[PDB]
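Take a look at this single chain in structure tokens; it is the form solved without ligand NEO.
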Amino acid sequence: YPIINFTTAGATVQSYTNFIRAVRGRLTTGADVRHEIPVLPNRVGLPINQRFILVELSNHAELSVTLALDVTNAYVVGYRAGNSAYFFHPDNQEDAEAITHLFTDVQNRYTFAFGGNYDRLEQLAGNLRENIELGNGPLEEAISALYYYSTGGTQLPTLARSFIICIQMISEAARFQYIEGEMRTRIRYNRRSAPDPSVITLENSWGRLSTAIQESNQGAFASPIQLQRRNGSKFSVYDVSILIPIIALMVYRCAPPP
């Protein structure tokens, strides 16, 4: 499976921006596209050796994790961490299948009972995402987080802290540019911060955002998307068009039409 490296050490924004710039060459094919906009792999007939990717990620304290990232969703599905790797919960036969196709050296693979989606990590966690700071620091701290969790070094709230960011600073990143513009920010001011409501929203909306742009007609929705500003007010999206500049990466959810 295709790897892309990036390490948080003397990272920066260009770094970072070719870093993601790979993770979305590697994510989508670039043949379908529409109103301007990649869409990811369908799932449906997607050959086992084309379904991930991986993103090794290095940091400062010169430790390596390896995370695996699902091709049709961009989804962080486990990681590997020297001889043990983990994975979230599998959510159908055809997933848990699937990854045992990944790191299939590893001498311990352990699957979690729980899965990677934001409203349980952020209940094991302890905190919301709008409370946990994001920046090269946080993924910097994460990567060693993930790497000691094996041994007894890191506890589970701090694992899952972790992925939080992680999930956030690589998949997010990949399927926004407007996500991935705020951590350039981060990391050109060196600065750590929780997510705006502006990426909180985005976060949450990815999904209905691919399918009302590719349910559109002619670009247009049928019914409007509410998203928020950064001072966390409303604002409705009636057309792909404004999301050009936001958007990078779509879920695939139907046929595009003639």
The other form holds:
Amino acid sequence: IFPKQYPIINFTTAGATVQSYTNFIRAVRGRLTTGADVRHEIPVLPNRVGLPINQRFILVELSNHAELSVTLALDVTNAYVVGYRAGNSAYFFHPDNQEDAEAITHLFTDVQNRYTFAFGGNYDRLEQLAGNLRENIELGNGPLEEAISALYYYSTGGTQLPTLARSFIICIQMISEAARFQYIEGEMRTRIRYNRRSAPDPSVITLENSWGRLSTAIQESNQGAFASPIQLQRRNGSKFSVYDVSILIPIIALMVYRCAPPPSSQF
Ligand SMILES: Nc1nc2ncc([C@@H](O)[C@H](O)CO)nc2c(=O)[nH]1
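Alternative state: the form deposited with ligand NEO bound, after the form solved without ligand NEO:
Below: every chain and molecule of the assembly, starting with the one above.
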């Protein structure tokens, strides 16, 4: 066996409902947050510094309607999708630094074929590759059915990288963004409830883009007040400003670690 098999959380597109999608996202969230380190009620993701590699990754087994499966690697410290495995191959985005390049070797070690892409996995590289921006890519259970198939066929040549980058973007939103924001799990539940496939709107896209910033402002907010107004976007593109963490408590599910557990405050 490898020294600690990282936790795997399974999900299927096969008979999905709002109940099985909520379950899956609760589980994933419950795998990521320390439990403790609750800043003004939001759980903070564990600091990358004193984190042992045998605690670094969560694996998500994405099954499918035609019994094809993909296993994604999730980085606990930010819920980032760092790479994936399909059949006997494993592919990882290009790491952003040496430390990450190092850690990534402890992932799917039993695969025969490992590949590290030339490009990184952030939305900008991926939108350019997909040749289609996030607001023009559809989300919902049918798009996720299509994504898992694409990732699995990349191994046996039904590649086409535009389609593969598009499939990663779809998968990053319905899994890591849904976990980061209670708001975005809500958009996906509606698409699954009505069996809709719709692109994300401005309120959804700006939350994705502002998560780091939100984590820093909530962690350095004085008492509950943001030391300067953060503007978000409405679903119609109107900007508005949030000045206080309470507005965001039903919105953001977890935060990336930025500052010191306060002094304590948990008990
Ligand atoms: N591979 C992969 N790529 C990503 N790119 C951007 C973001 C965003 O959530 C950033 O926080 C801001 O755009 N998340 C991810 C992600 O989890 N996985």
